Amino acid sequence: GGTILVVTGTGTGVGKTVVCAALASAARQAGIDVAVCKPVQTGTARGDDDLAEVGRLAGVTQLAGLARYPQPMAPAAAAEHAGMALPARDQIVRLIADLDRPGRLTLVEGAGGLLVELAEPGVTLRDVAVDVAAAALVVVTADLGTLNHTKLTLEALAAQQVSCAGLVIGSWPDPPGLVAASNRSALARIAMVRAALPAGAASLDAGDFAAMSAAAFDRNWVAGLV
């Protein structure tokens, strides 16, 4: 096998997709083969497609998914509004395990936060992480309230013995501000801050995003992932 990392977040809209793209770009530039799995995607009616984002930003081609739901809701709510169940737990775990191979970094992007239901009955990305023996990278914001949501998420990981690979601030503001600067210092006292992506990084073209990603992550940490 290779390395499987679930990329979760403290909640919704925190930067999970752009962090997945940034780490994939950084890993590829270190020579690592990268695959990204988005088991469940919602909000397709308005055009949401996180895998296509990763492919355009980081050039990844191994992009695996199982289900797409039109409504921009939690997967279980989007599934219910469409009248079709979520995928099975076996579907998600086996897709991830089949993606995994030696020399490869396989990133699993969840929907919303860690305890969001992704499969029936009540299966979350935390359950998936246990099943595939993956560590968890936690995407956090720099905004008011992030320390509480980070601590809650890390405790939920530890409660099921899921290792934490570190934190990433999904959007670092410019200029930072008092709360943002205080939060970044405190976040590093909670867990290892692997990167802070500049605000607006999701809008970069592929070449600019690759330069940003290469500078945002520590090269020794990236190469050490596989």
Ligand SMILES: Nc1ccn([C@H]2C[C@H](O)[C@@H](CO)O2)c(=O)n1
Given for the second form:
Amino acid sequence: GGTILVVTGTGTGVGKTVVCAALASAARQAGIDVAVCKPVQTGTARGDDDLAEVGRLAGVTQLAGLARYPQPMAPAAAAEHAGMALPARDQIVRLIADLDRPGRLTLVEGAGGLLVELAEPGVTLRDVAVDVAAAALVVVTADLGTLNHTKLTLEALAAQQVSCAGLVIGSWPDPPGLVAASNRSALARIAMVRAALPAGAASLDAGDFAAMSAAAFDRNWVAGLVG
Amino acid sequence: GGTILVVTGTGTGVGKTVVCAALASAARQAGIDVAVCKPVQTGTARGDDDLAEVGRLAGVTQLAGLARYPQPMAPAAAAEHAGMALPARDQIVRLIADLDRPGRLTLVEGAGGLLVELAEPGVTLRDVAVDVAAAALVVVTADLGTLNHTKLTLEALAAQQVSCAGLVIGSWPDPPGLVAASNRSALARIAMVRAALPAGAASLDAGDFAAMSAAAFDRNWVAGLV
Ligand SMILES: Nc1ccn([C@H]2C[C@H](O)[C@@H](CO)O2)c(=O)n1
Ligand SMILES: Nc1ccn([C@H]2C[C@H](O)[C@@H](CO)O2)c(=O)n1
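For comparison with the form deposited without ligand DCZ, kindly provide the form solved in complex with ligand DCZ.
What follows is the whole complex; the chain from before opens it.
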């Protein structure tokens, strides 16, 4: 098959959706075919739709969803509130496998955190990554407390032998404060920092976003993602 | 000896120092001798030297610390920026052991989160918890993302066989809201929820904070700590 990458965050609201789009844009521009998969989407009643956002910002059209829940809560609670159930583990793995093919980069966007329950019982994005032999791209902040959260996530990945594809600082302030710069240097000693996306990237139009995305990642790294 | 109990958070700003104070205040009202050790703290020239806050709210007098950095950063970064190394694993552990005595609950308050580098090289509060044979009490939010962070912390505790003495919701909002109501229930399915402390408790005077604290914890669990 191709290259499957799960995109997860140290926490909720760290810019993970925008990272998926930036990476998708950079990969499309290197001539890589990109599919983006969101197995579990919550907060639809509030208008949350990360697949749609990825399409808006990066012009990706191969966008695969599965479970959508109205309330902006953790999937287990959002499902319970709507009188629905969570998807089965193999339903998630099947959705990803249908997209996977040679020369394609498939991004699997988690639902707010590596150990959030996506399927019963206690099945997480980490178990999914094991099933489909995916590495994990970890989206992080530059603020106080990021080093603990990142190290917590990276330890959890290694515990099931899920390779870490690297870190992305989801939102990098201009200008960088004293705390941010120090945290960035510390983040780079823990794992590779593939990119630090400028804040407000979600406001750029299709041209500026594509340009932002192209400059943000190392070309050699993106091209090296799929044969 | 007595009971050594580390108090760690899932992040910064979750109410951990207020929780340390509340447990101390509850344990004091149960007739238990309490010491609070915060080996390293940061962001002092910014907001509160945390040992003093525990004294103010809880009246603890055995307050032990080794290092204070003014920058609001994790210890390693604050010490890097200061040009002044962290304490050593040995002094942190010896400091704590020398506080430990029968009939005494010694609370050890981490700086930030469990895997924050506390003493060089790369010694974390998790390491310290092993060397002093202490269980870990985990302070968590009720907000979105607490289940991820709690599960991650409990996994990091178990990976070095550090027992978990339960969870405290550091700040319980009013009114709760849908997520917080849900997370409180979900948290109880991962571990024992020892207490949920009302938001704004840091502003209480000593008598009100002591009343809150006695009501917040189960008397039987507190008394059983020692
Ligand atoms: N580089 C970034 C990262 C995030 N965001 C926005 C998008 C979301 O609305 C919120 C994080 O979820 O912040 C942005 O504009 N630019
Ligand atoms: N139950 C609580 C927990 C925390 N805080 C305060 C203490 C700190 O000032 C801030 C949390 O970092 O909020 C509070 O007032 N009541």
